Amino acid sequence: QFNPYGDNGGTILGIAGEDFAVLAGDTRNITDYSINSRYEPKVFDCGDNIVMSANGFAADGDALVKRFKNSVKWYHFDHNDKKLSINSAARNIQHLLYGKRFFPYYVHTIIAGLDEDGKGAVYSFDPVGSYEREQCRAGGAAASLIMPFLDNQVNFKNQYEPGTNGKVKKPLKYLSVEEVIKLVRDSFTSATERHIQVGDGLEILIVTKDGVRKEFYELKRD
Amino acid sequence: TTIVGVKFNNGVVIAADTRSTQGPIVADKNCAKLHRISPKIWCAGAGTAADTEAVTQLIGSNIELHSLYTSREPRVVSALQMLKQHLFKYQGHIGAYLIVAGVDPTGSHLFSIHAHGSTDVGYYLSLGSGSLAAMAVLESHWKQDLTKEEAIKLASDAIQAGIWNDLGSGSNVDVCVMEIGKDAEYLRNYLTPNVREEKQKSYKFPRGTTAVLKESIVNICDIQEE
Amino acid sequence: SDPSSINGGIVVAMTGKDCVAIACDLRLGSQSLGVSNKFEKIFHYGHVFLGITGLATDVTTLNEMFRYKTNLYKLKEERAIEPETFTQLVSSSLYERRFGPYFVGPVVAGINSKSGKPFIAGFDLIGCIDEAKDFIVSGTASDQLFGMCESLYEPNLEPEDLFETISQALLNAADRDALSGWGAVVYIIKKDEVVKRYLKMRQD
Amino acid sequence: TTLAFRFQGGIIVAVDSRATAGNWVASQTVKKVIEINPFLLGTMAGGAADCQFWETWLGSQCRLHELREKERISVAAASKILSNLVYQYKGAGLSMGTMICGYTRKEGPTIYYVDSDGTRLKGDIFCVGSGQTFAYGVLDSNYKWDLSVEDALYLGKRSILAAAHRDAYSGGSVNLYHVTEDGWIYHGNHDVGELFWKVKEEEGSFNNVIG
Amino acid sequence: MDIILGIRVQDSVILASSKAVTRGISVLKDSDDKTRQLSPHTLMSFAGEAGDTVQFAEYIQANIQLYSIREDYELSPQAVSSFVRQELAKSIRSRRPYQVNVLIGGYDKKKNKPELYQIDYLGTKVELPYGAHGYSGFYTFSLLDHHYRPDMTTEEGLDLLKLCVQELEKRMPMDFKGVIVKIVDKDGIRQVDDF
Amino acid sequence: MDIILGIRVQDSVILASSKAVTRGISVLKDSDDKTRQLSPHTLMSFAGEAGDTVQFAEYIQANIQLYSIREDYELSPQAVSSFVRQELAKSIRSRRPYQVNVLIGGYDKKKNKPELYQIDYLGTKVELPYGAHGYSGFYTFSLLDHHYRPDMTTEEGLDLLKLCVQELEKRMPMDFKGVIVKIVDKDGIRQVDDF
Amino acid sequence: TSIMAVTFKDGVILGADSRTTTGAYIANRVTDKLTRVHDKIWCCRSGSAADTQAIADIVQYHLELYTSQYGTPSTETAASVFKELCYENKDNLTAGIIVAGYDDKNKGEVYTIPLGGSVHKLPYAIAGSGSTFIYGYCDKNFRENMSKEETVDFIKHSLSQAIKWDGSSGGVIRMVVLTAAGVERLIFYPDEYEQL
Amino acid sequence: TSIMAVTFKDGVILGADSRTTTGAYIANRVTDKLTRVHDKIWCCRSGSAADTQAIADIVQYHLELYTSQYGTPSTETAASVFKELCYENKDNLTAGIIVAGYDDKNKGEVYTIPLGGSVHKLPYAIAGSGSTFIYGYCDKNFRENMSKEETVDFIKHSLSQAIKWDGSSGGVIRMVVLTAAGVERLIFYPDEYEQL
Amino acid sequence: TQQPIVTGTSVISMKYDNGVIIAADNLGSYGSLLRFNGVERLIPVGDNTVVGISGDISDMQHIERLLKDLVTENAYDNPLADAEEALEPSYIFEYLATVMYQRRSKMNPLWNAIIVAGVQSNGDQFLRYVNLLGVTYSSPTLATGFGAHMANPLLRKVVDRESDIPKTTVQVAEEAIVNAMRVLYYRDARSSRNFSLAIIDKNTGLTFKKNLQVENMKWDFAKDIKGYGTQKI
Ligand SMILES: [Mg+2]
Ligand SMILES: [Mg+2]
Ligand SMILES: [Mg+2]
Ligand SMILES: [Mg+2]
Ligand SMILES: [Mg+2]
Ligand SMILES: [Mg+2]
Ligand SMILES: [Mg+2]
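Chains as they are written, first to last, in the UniProt record's numbering: chain Z, 20 to 241; chain G, 30 to 255; chain A, 2 to 205; chain Y, 77 to 287; chain F, 1 to 195; chain X, 1 to 195; chain W, 20 to 215; chain V, 20 to 215; chain R, 34 to 266.
Check before you lean on any hint, since a few could be wrong.
Unchecked claim - In the DSSO-like style, the derived pairs of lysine-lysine whose C-alpha atoms are separated by at most 30 Å in a straight line are:
(1) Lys166/Y to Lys119/Z
(2) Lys28/W to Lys109/W
(3) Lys119/Z to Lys109/V
(4) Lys239/Z to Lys190/R
(5) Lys138/Z to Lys102/Z
(6) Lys159/V to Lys256/R
(7) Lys125/X to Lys166/Y
(8) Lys259/R to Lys177/G
(9) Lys39/A to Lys186/Z
(10) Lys190/R to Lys182/G
(11) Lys274/Y to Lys188/Z
(12) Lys18/A to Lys58/G
Unchecked claim - Rough simulated footprint, nothing fancy, chain R against chain V, three-plus residues with beta-carbon under 8 Å:
(13) 59 to 69
(14) 110 to 117
Keep in mind the hints are simulated off the structure, nothing from the lab.
We put the CB at the ideal spot given by N, CA and C, even for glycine.
Pulled out of the complex, with its shape left as it was, chain Z reads as follows:
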């Protein structure tokens, strides 16, 4: 029997800073125990200072990103070149996803950018389009390896002030983009060690008021 779905591996990670956001993904594409490509980009600049990744089944992921980019184009045509704000992009993607509620896009979608006050924003979607604004979200193969680490090192979960023995929480300081990128690289370095589908390369898209920048790092190729 024909199975219309597949699994192309991949792990993605979005983190919202105070006045920036990053969306990162490994560049390895797999089926079963084979590598299809060591560099197949999976995080995309969609215009209007929005970056997107739809991780999971790559055919559905590519179709969704392509449809969203198109929706940005038509939003400009239909609404006097108005900039598509991140909250509006998020609601729009919910409708793209829920339109296939009974034959879903088999992907976990994350978008990142800045909200209308210039603050960092990340939105996370399930395959049929429930979504929420979040500070921190890993998706895909190694998500379960990465999130607990982020809970501990971004949100300081289970850390208390020395001397108070559990009476005073470690206070939640704001991280710079350099700091966030360190946590992203260590997240993926660790995931690469323990997850067979994670490796080859790491591509990070960084969004600020100045636009979208890229960074690339090698990961282990075994």
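With the hints as your guide, set chains G, A, Y, F, X, W, V and R with the ligands onto chain Z.
Just chains G, A, Y, F, X, W, V and R with the ligands now, with coordinates in the frame of chain Z:
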């Protein structure tokens, strides 16, 4: 897993990668897959790791007793025959896929054995999820009358093809060379092409970070005198 | 229905400088229902420590079995069993049930009383030994523990730093697992003192 | 776990914050009260998307109703728009168990339980989710019509806490709402970790748990 | 069968067990006592598959009575509960396992302490201040978690139990026909005869 | 839902319908009224699949109310029951059939006679002195077969009904939370408010 | 697999391809499917490799013990031992075996033991997945009392065709000649037989 | 079923057995499997009899209408119409068809359309359950540019063997010869071809 | 939903300094029967593109007609059809990928794996894969089926990353490709000795080689292999 065996001039070489996995998770990054059946009979195992270890130990034990009984050095064909008859009886339920190599008074040998109990003979063999990658290298570079150095080279190249191309394989190359009239040389982590780069940050915590409800000393000592 | 995640729970072990640590959560449940918050999963036979995750009936059975066997070992050998030796015994014992196994993920930690060397090992339910230089994980949040340990761990931590590292690895792994938590214990083990600490953690 | 109940001061809505995939805790920051409009609340149980999507769609239908009729939609009418819609889809695999909550002049404080197999039930106390049985116990034994707003809010919070403690698939944090005739009022997000210890101490409950 | 609850208070253990026996379509009986006295200060309640429940319970009872006669001595509640656990753990890998869950309430005369053990058909044993099997815990534990104190008297234990049973009678779909309540303390085992 | 009974006595029809609504594990409600007034002298009780019961009943009610307004006339109970039967008979060969069973109790003002119709989800219609759906008949019909008289008063009908409900509460495993009882006679429809 | 055995004037010849597959992967391209159970009694194996190796090892043992006690066994006796194992364990075996041997009394003989463990004595026999494609060719071209060279040609051309059409057959063509003169092993490579 | 078509010097010849079975029962022992879709375009049918008859009737209709409008269709065109039906309705058909025809420009041509509705132009083609047994024989014995008598012999010997080994093939061997000279029907009875 | 009937095995390909190479054998299998022996599975489109196809052959023949019809159509009302408005490899790929994904989305796939190899107007190498699920990806080497498991490891030793491409000559790349084809012939039971190979070079255009054979095969060592363990004779 990627495992290979390669015959050469005066002996036989086996090699393996060092990754063991549970589904997509790497349980152990420096697994030892080259097992000793006897001093000069070694085997490499793919499939259910408990089974490859257990079946190797059991036949190794019985081979040692056989050796003492007969006052003779163990033969590879004996290990082979005992392995295959044990595996056959269990009808594939013992998930051991092995490459068995060794030297004995009769010469040098290389066999493969499949979980249901079939065996094969050859000058070069590969097993495991990485075996198609390994076999591509062996079919490209193997020739008759390899030297020791050439066979070690070929065997580890073949494992490397598995390491880089098979998600089921990774980390390091282990090699064992069995040459006629010599001690078997086991070369653990013969190649080490996958050391983790230094992390960006140290994650050592300040002392007192963790909240504690209770402390106590645990008595690990036996009941005391007096 | 999957026997290894009916009751829930986790164990982690780590090596440091002339020490080892082994820790576990305290939950026992029946699927979604939390049943006990005092179900310790770490046991010891002399100076050798054994953590066991998985089906709780088998956790209890295996503890009783290894107490049985290490007691007889001691009477006959006239010395306490060592971590390396005990590891082989666990593996032998599990493999003897190859085709009707105990649904467990055991973890051994201890220091060899003669060499002073820190030792840890893990097993699948059928006795395959994973002997790690760094850390061993087991249970329903083992993916989470691999993630925590792989980034938090560094070699040669002093006992008091190892305590923080292993505690934070456990706590944050458990908080991303529905079936783990409800309390936690950490053993810090040196050649002639062992300290046991109960951690404060969220109770949901 | 999600609950809603009617009392002299309106409606209390209380929910936990946890979403799981199998044993994996996907999120502890899920928003399970969907703000349909400033006067109407719905609760999320079953499918997260089905609840989000169709209850914000409900908000759109409610807005159109009041544009056309120049009057606030009743909770009766609003809840029935949702139940009639999901009933059309019956058999296709929608998953939803929700309380539609409002307080109008004609009706007073009103709650309808609406469900993806087409059920629509008016009632005073509902509790839905994997932890519902734990929440009901606390609710049933402490509920009165004449609770003050303050005690009603606490009771809703305490009931979700009970569920979060015992149910493996409930927890994270408690979200509270009070629905009045003039609109709902948000009463904050309460981390269960901190709330549990605080309640144990101040109340002397959970003696089974060492703190 | 259906509901079995237990609570260990200051000086006693109280077991409450439903009275209904239902063969599919009809309630065949409404006065069934789902309990066996194992020794003068140890009581075991049980629920699970028809036939196996009573067979298992009487088998355990016969064994503990045998031990009592052989040694002229009453095993501790802990010892009895360990014996019962081993029997269920052995049974779960049998050809046909006993599908039986039990609570063991005993008063330990040596320590002068009530003890409550919960054991399911797999041989999963836990000692608890209060416990249950089946769905009973889902409706009652939030109440017990709230009101339980380790220094409660027997009468406060019974009142907390009444509240638990009232919640069960409210929210549970099945009519379990009330409960039989028994108290285990330093003087032995007695039945509260109006509940 | 669960129990629905009906009995036609001398001058009225009495419908008794359980109050429980159960979503699997919890009794969500214990005051549910499983009935719709179709016209001033016609009442319909219903049970079956969740959602479909109330949807079907309100659909039938809307249709009979439409007819009443169009013609300024109340259809006879026989005519209403034939309309309902046709709707269920058409529904059973639908893409997704209504899984709904009904009793229709009406007082025919032209003949001055109470009438009770039993119709299942297949469109199987029968006129009866008393009837039920589900398992209710299995527990109650032996009592009704014994005591029923066609000349009973309304109060004797209610007493015979009390006996039926008592037998249901005894032998039925599920707690249906009592019944709501309604009487249909020459003056219309009223609810007996203590039962 | 493509295997056959052919009686001729001076005895019998066995032939086989050398391919064994796991699905579409060629696990071994130089297999020896011609297996010796006694000096001048050989067999070609098809079906489960595990089963046919187990069976042949047991038969070899039986005929070794038979020889120790009663002298050289006949080819028929060897076929009977094979058959006994295949027939009695038919529920648990997938084995199709051709038995070929040379006696001085009986000369060349061929027995085929198909799946159910029946036995059939034949002038020649073909088996394996590849044999389906050469039933017509073999039936048209086989003659009794061919010379050694003719029989080698017949087998070589036959297995040529089986290999051509059957994806599960391939590699080298191996043969074993059994006559009064001894035991001769032959091998033919693709570049020879593909051009036939 | 055993069917084949063979191009030769003067055109093309089609051959078929005449057995159609329902399980092991021979429902018809004198079937005509050589079906005319145009004067000098014929086909041999294998697979579901219902399907191949339906398909051939539709093709005949198409080529009749093609002829009315555009003159004589080529053999390729006929193959293309067959293919279109077999390919587009592949989920609902079990049909394996060989198309054979004679043009004066193109002379004898053979196309085979196997199960999935692919098309393959070949010097000769074999199909049906019986064809498995004569892949080796046909490959060894086919030559290009045979005479009429040689081609009749080749087909007769080929189908002889297919019938011998295949239980689902049997009866008479029917042939149809397509050349510049016309359309000739041949039939060969068991007592002839069984002795070959 | 269907099932493949007549099938073609691996297609393999790689980039080198001035272009791309692609190869595929000439067999159409019918299960384990090696039924058809002269099947061309590399289909050139114009002078800048070669589309290599594995999987179901009836669907391959359909795709081949789609491509031919694409060329016809592009020429319509297009004075620059043989110049600036010729079909690019990237147009041909995107079209095929669109068709493949639409067909999977209708639960009626074209049962193939496809590699489009060519050179763009600006001289850039193009190499990209698409299959029956609509999954697409690019890499310096690409292979379908068995080729993915056995050819890629070998081809990746020549070009392991993007920076290796300019160092790889057409002679080194072709020899690597030809060796991979030999290895597949050794180890793939549904392969054939006969294959086609196409080079699309930005300077020398499209070179299309038919009737290539696997040669230099090692079989001699087989004479020494006896029994399966203990047999000596
Ligand atoms: Mg990795
Ligand atoms: Mg077998
Ligand atoms: Mg947890
Ligand atoms: Mg919880
Ligand atoms: Mg929990
Ligand atoms: Mg239990
Ligand atoms: Mg072949």
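Hints and how they fare:
A distance of roughly 17 Å separates the Cα atoms of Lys166/Y and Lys119/Z; the hinted pair therefore holds under the 30 Å criterion. Distance hint between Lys28/W and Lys109/W is unfulfilled; the C-alpha atoms sit about 35 Å from each other, more than 30 Å. Distance hint between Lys119/Z and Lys109/V is fulfilled; the C-alpha atoms sit about 29 Å from each other, no more than 30 Å. For the hint pairing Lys239/Z with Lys190/R, the CA-to-CA distance comes to about 17 Å; that is within 30 Å, so the pair holds.
With a C-alpha separation of about 16 Å, the suggested pair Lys138/Z and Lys102/Z falls inside the 30 Å cut-off, and the hint holds. Between the alpha carbons of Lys159/V and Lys256/R the distance comes to roughly 28 Å, so the proposed pair stays at or under 30 Å and holds. Our distance criterion of 30 Å between C-alpha atoms is met by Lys125/X and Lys166/Y, whose separation comes to about 27 Å. Taking the CA atoms of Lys259/R and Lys177/G, the gap is near 24 Å; set against the 30 Å cutoff, the hint holds.
As the CA atoms of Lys39/A and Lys186/Z are separated by approximately 23 Å, the hinted pair is consistent with the 30 Å bound. Proximity of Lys190/R to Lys182/G is assessed by CA-CA distance (about 15 Å); at most 30 Å being required, the pair is judged to hold. Taken as a hint, the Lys274/Y and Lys188/Z pair is honoured in the structure, with Cα atoms around 15 Å apart against an allowance of 30 Å. Using a Cα cut-off of 30 Å, the hinted pair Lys18/A and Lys58/G holds, with the two alpha carbons roughly 21 Å apart.
Check on the region 59 to 69 of chain V: 0 of its residues sit with their Cβ under 8 Å from a Cβ of chain R, so the three-residue criterion for coverage is violated. Look at the region 110 to 117 of chain V against chain R: 1 of its residues bring a Cβ nearer than 8 Å to a Cβ of that chain, fewer than three, so the hint is violated.
The structure is inconsistent with the numbered hints 2, 13 and 14, although it conforms to all the rest.
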